[PDB]
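First, one chain by itself in structure tokens, the form deposited in one PDB entry.
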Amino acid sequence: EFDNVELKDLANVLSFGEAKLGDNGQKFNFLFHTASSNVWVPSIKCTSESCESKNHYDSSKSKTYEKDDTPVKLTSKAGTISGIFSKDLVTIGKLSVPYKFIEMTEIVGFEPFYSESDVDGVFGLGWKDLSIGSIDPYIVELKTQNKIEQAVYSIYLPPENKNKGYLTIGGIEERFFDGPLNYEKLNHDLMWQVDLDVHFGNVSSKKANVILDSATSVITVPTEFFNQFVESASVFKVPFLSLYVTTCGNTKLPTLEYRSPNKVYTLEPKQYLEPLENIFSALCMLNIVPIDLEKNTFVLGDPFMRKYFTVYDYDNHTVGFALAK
């Protein structure tokens, strides 16, 4: 019975969708992001070159708008973004609640990928403690105002990368997975992150912090971890043509295991290799990028999510996993 919005592919990442703001259901294309905690839309007031082609929010055209206007500034190396807090009806699907978001006023940097893109802004589905201004998560607010029974959502990406993906709010659709769904405890309520013991052949990392991130097409691993593997690889004749390039038929590659106390999650080469050409390619690239984000931290993006249906439960502070069907 639940609420399902369709997700679309943009750059090997399938978590883009439509959501509406205000009385007059103004439309935007959002990147639905499990690892951030605000919603961002371009304001009509946006003076910047990148805002041109975008959908705009116009508070004057919506009767439900509630002036807030608290200024916001997020400076990063890739660019900067300023804007204001506004309140209004925010709608995904047949679900609609009054909600505080950020109208983007100016946007320097982040070029050219922002203007080159068909996506207007980001719709965070992370946790409160991470959000600018301590705003309750959107799904929690739906629950607070009895629009849905449980503060849960799920992400289904299809295993053969052709069909439609779904973001579902309010309960669990049995039709997305086979087998039992297993729950893991959130280690802390910042992001959607769990303690797992990560193994990749001979290398391992006990008590790793594993972050789910819908918005990346990549699997990440700390530098030291990847160095360890390169060492195991160098020794016993694991044949590479460059650091990240190998044959698509490479039997001798190890399986990435993420082990909880109750369940093992795996990515076989078949899942962490992208081919250099669509079909009939001799050559394949490791879709694993080594990056030090934070001590002992690993990220799971789409390759993991193309295999595992995932459930995000605020009520219970848990993430659920199961094989997608």
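Positions refer to the first chain, counted from 1. Between two forms, the rigid core is the largest collection of C-alphas that superpose within 1.5 Å. First, how it differs from the form deposited in another entry.
- Comparing C-alpha positions between the two forms after a rigid core fit, one residue in 230, 78, 74, 140 moves 2 angstroms or more. It is 230.
- Comparing the forms between the two forms on their rigid core, the Cα displacement of residue 52 stays under 2 Å.
- With the core held fixed, residue 239 shows a CA shift of 2 Å or greater between the two forms.
- The Cα position of residue 262 differs by less than 2 Å between the two forms after fitting on the rigid core.
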Second form
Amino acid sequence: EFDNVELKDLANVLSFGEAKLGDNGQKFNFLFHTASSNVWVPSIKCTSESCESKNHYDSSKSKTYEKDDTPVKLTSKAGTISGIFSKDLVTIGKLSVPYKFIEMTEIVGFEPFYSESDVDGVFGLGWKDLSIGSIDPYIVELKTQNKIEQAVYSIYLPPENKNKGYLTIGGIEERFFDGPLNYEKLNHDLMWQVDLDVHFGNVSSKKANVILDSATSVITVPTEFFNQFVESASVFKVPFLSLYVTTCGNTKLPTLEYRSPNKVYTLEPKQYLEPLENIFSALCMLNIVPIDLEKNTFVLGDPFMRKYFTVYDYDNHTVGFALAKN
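So that was the form deposited in one PDB entry. Now I'd like the form deposited in another entry, please.
Chain alone follows, minus partners and molecules.
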């Protein structure tokens, strides 16, 4: 069949899994991130309080380590992180190829996400042009090395939450989905991003840049677009910190439509609302958030990926969509 990796759930984002580095197979907990293109791991030299309880990579204990040592210093407001490049075996299931990754020397910030969960680093699965160092993506490298037949991968997330998810490499596994598998052309080879027309209420946006992101637990929508949606949709702002809140059985809330020239992709209130209560419960949390990334940009996260099984095809520069089984 095809190679798997169980996706474990953490802060309501379902895309953490295990991969292994080195000839001695050091394990690491990773965020598999379709919206970035490098793999990051804590080095043994990392003297940051944050690295202290994570897994480290020791180049001196793997026979297949190749020195690189190009420095890197990624810095946002959120935190700073710096280290060096190394080449070694990177392994998922039966799949192994020398890959260049970043040994993290110093990491500050990204709290509390980082130190509190048990993720060690992130494993990007985006496009070459989005990487530091301009490095062919792992799956693409797997293909070049005649280890898999197609540079393709899929993410399955269970319609019924509680369960585990799967990242599959090198083929489409028929068991995960129902009906036909629709493809859409990428508008850029950066992130996995596609042109769609998006209608919410009577509020709509044509030729929107919509991005598939596993690291997101939520549905993203431009600020202007979100305000129109909520205004006269009987959704209520309240909080200490955002939300927002509505009735679970609210027959006012619309279906979310993402239309391509072939197929329309829909999200029912049932799939973008979250139960707040255990005693009750008529009361629900709206999984749609106002976020401005880039002129006209929507993010599809877990809520969407939990309905739709998604196929990421490096060979054809397309994204596949199907209704998820189980």
